[PDB]
Amino acid sequence: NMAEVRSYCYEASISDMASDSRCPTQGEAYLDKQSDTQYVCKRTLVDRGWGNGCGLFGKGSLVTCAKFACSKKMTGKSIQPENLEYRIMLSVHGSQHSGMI
Amino acid sequence: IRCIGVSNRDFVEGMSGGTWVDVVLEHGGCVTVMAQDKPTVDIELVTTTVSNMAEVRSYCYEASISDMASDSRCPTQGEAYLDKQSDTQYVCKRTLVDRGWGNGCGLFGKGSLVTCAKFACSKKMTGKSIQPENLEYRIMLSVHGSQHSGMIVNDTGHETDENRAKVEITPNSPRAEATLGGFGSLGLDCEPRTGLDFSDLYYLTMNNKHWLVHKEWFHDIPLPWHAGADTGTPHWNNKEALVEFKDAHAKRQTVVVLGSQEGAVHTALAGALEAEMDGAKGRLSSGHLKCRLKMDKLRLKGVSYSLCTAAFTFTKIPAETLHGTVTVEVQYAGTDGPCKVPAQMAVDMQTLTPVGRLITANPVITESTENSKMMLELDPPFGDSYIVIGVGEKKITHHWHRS
Amino acid sequence: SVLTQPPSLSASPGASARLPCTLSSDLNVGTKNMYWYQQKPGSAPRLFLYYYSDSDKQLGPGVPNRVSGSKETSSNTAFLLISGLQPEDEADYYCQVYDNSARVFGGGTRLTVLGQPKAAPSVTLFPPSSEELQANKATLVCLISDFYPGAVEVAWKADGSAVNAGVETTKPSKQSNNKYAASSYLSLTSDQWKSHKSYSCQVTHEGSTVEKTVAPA
Amino acid sequence: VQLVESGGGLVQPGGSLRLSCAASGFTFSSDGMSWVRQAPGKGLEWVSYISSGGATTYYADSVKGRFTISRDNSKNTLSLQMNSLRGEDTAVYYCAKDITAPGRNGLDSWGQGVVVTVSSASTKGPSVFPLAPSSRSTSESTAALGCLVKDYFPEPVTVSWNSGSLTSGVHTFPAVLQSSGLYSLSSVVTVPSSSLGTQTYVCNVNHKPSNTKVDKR
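Residue numbers (the working numbering), protein chains in the order written: chain A, 1 to 101; chain B, 1 to 403; chain C, 1 to 217; chain D, 1 to 217.
Everything labelled a hint here was simulated from the structure, so no lab data went into it. Each residue gets a CB set at the ideal place from its N, CA and C atoms; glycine is no exception. Among these hints, one or two may not hold up.
[What the hints assert, rightly or not] In the DMTMM-like style, the derived pairs of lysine to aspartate or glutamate whose C-alpha atoms are separated by at most 20 Å in a straight line are: (1) D/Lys42 - C/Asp92; (2) C/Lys57 - A/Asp36; (3) A/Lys67 - C/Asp56; (4) C/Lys137 - D/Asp151; (5) D/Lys42 - C/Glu153; (6) C/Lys171 - D/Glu45; (7) D/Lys213 - C/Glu131; (8) B/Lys209 - A/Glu11; (9) C/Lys40 - D/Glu45; (10) D/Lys42 - C/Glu168; (11) C/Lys171 - D/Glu155; (12) D/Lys150 - C/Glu168.
[What the hints assert, rightly or not] Some residues of chain A that are not near chain D, with every Cβ distance over 12 Å (derived): (13) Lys59; (14) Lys72; (15) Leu84.
Could you build all of it, start to finish, from the sequences and the hints given here?
Right, dumping it as C-alpha cells:
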C-alpha cells in the first residue's frame, strides 16, 4: 500500500556560485537569487577597509548563494497498518517423491 | 603599506638604542615594529609551504566490482575452488552452506562454497610525509612614512619599491635579509620548532581537498590500502573493507560494494587544523614564527625636508581601530612638495608639549603638484588628545576620544 | 548603479534584433534578473521578458517565441533578441534590474522596423529677426524634417566652441508622410547674439551630420 | 487583470495630489504594488513600492519624504499621496503589480496611467517673436522664415500665415513642455527668396484659452 511520505537527498551537485558584498554603513548585501527556492545562501559580516577598496574600517555585509541540485535520493514511504499479506505454502507427503522437494 | 585594518595587529615598540627586537609572527596577524630612528616597518607572514612530500600510504574510499563468480561442492567432496581465488586483484570468501537432496546432492550436510570478484578502486586518498627540514615560509615587509592608501593591497614592483620586501625562510637557511632600496636593509633571523608537532602529522589528499592528519589514526583507517606510491594496478590490502558477501545459497553468493566513504572520513576529520594547496605546494595556515631582526642598516629617506606651508583638509575623519589606534587621511593643497608633514599631539595652545606617539614616523609627501593625499596613523595616549596637522595659519585641529 | 542603452536602433523585417543594456561595474550581469518592458506609442509599458539565463526565463503574456535573451560577462551586458522581425515589434524597450529596494531602468532603446527606405534629414536654421532684437531678445530656431528613423542629435555651436546654454529641442514626431520632424531652439540676448561672428546648428543622424550656419551680417 | 488609475489633473507648485488605482482580475492582497512615472518624452523611473501586507514601503530618493504609498486590501485599491509637488513631478504615473515569486520579481501588469501636471500658470497668453531669414542658404532660393510662440499655458494654439492665403511650405511644429510649466511653439514657411522684398510675411497666432490673437509681421 506504499504511499510516499518523505524523500531525502544524500548526494548533491552545486552550480552558479556568486557573492555580493557591501561596504559598512551602506546597508545589506543582495543577490537576485537569494530568495530562490532552489538556491542555498548565507549572510555574514566580513572585515572591510582601505585594503578592500572601501572608505571606512568596519564590518561589511556579504551574501553568497549557489544553485542546489539533487543527484541521488532516498524515499521513506508509509506502511498502512492492517494492510499486510502473508504467503504460506503447504505440501503433502506419501505420494510425493523428493523431486517434489 | 600593508596591515592597516587587520584585526590581529601587534603594535610592539622597539627598544631605543640599537636594533634588538623579538616578535611572534602569527599566520592571521601582522605586527607593526616601531623604531626610535627608523621607518617603522610592517611585516606579515603570508605563506608557509611544505615542499617535496613523499607518499606514505594510499586508501581507497569507493570501488567497483567485476567478474563475480562462485564455485560450490557437495558435502564430503572436498573444498570448492576458483582459478582466481589466489589472484591479488580479486576478493573472495569461503563458507559452508546447507546441502541436501533439494539442492541436488547425495548427502545432507555443509557443502563448501567459494565466491570471488575482481576489485577495482575508483577514487583514492593519499597520505604523505612532511619532514620538518623541508619547510618554506614567505614574509612580506612594507615600511611607513610615505605610502598612500593604494599601497595597502599591492605586491607588484616591490623589488624596485624601497618601502616593499618579500623574504623566504627555510630550515636550512634561518637567516635572511631584505633589500629596501633607499631605506637600506633589514636583517631577519627566525626559527620555530612547531612547523608541525614534532615528528608526526601526515598530509592527506582526497576529493580535490587537502587536509592534515595524525599518524596513529591514519594507520588504523579500516579501508583498502597499499603502501607505496602509484604503480601499474597497485595491489590492495584488506579489500574486504569495502566489499561484503551476503546471503549465500548453494552454488551462488551475492557480493556488493559498501559505497563511497567520503562523508564518513569528512566527518571523521572534523576538528583538526588543515589547509589547502595549488599547485604541488602544500600551503598550511598556522603560525608561531619566533623572529629576531636587526634594522642597523635600515636608513631613512626624509630628514632633510622642510616643513609644509600650504593648507590641509580631511578626506576621511579620524577613525578608531580595534586597538585604540586611529588612522587619518588628508589632502595637501601645496606645491611645496616634496617636504615633511607637520603632525603633532594634544596640547594646542601657547607653549605646548606633545603627548602621545606617532606610528607613521616622519610623514612626508613625494608628489609635488598639486593636491596630493597622504595617510598617517597615530596612537594617542591613554587619555584624550587633539590631532594638530599643519603649522601656524591654515592648520587643521581635531579633538579625539581614546574613549 | 547605471543602466546604459542606445537611444535608438533600426532593422528590417525578418531580422534578428539585438538590443544591448550595459550594466555598470556596480553590479555584475551574470547575477542579475533582467526585466524588459515594451512600450508602444499611446500605451503603457508591458512586461516583455524576464531573463536570468537560458534555463531561468519567462516570456510576457502574448509575447511570441521569437523573443529571447542573453548575457555576456566580459562586457557586463544584457541582450534582448527578437528573431524574424515584424512591424508590430517596433516599440520602445527598457531594461530593468532590482537592487535592494532600488528599481533601476535603462535609458530605453527605440526600435524601428524599417518599411520606408532610409532618408536623410532636411534642416533649416533661423536667426533672430528685427522685432525681437528690439526689446533685447534674440532666439535662433533650428527645424529638422523628413528624416527616417525618428532619432536625431542636435549640437549648437558659436565661433567654433560648443554652446551649452539656452538649448531646448523637441522630441521626434511622426509627420504627414510617415516620417519624423523636430526642432531645436537657441535662446540668447541681443548682445550675446552680436558677440559671436557665426552660429551653427549641427543635426546628426545615423553617423552622418548635416550642418547649417547663420551670420548676424 | 485590470489596473485603472484615477485622481490626477492639474496641480500647482507646492500643492498635493492623491492617486488611486482599482485592481481586479487577481488576488490583490497577495501581491506587492509599485508606482512608476514617465515624464513627457523621457523614459521610465520607479517612484515607490509597497508590499502585499503593507508592512514594507520604499521610495525613490527624488520622492522620499514627499510621497506616501498606501493600500486597502479589503477594497483592492492602491494609493499614492504626493505632497510638495514641483515641476519635476509632471509625468504620467503608472500603477503596476510588483510581484514576488520563487527567485523572481517584476512589473507583471501595468495600468494605462494618469496625467499629473505641475505648473504655476493656469492661463497665460503667448509672446510672439518673428524668425527672419537673414541668411540666404543658397539651395535654389529656399528662404525660410517663421515666428516663435513663447510661454503659453493651455496647450491649444493654432498658427496661420497671411490669413490662410499661404499654405504651401508651412511647417508648424509640436509644442515643447519646459520645466517652468509653460509651452513654446514655432511655425515656419519656405518662401522664394525673390519675394522677400515684395511679399510681407504675417503670422496669425490664436490662443483661445486666454482669448488672445497676435498677428506678427
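Here is what the structure says about each hint:
1. A threshold of 20 Å between alpha carbons decides the hint, and for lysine 42 of chain D with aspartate 92 of chain C the separation of about 11 Å falls inside it, so the pair holds.
2. Distance hint between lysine 57 of chain C and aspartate 36 of chain A is fulfilled; the C-alpha atoms sit about 14 Å from each other, no more than 20 Å.
3. Between the alpha carbons of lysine 67 of chain A and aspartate 56 of chain C the distance comes to roughly 12 Å, so the proposed pair stays at or under 20 Å and holds.
4. Between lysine 137 of chain C and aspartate 151 of chain D, the direct Cα distance comes to roughly 14 Å. Compliance with the 20 Å bound is thereby established for this hinted pair.
5. Using a Cα cut-off of 20 Å, the hinted pair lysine 42 of chain D and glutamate 153 of chain C holds, with the two alpha carbons roughly 15 Å apart.
6. Proximity of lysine 171 of chain C to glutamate 45 of chain D is assessed by CA-CA distance (about 19 Å); at most 20 Å being required, the pair is judged to hold.
7. Taking the CA atoms of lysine 213 of chain D and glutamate 131 of chain C, the gap is near 17 Å; set against the 20 Å cutoff, the hint holds.
8. Note on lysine 209 of chain B and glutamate 11 of chain A: the hinted pairing holds, with a Cα-Cα distance of about 17 Å set against a maximum of 20 Å.
9. Between the alpha carbons of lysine 40 of chain C and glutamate 45 of chain D the distance comes to roughly 17 Å, so the proposed pair stays at or under 20 Å and holds.
10. This hinted pair checks out: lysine 42 of chain D and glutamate 168 of chain C have alpha carbons roughly 14 Å apart, not beyond 20 Å.
11. Straight-line distance between C-alpha atoms of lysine 171 of chain C and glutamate 155 of chain D comes to about 16 Å, which keeps the hinted pair within the 20 Å bound.
12. Annotation: proposed proximity of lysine 150 of chain D to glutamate 168 of chain C holds, straight-line Cα distance about 12 Å (limit 20 Å).
13. For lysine 59 of chain A, the condition that its CB be more than 12 Å from all CB atoms of chain D holds, with the nearest at approximately 24 Å.
14. Listed as a non-interface residue, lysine 72 of chain A keeps its Cβ farther than 12 Å from every Cβ of chain D; the least gap is roughly 24 Å.
15. No Cβ of chain D approaches the Cβ of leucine 84 of chain A within 12 Å, the least distance being about 41 Å, so the stated non-interface status holds.
Violated hints are absent here; each numbered hint is respected by the structure.
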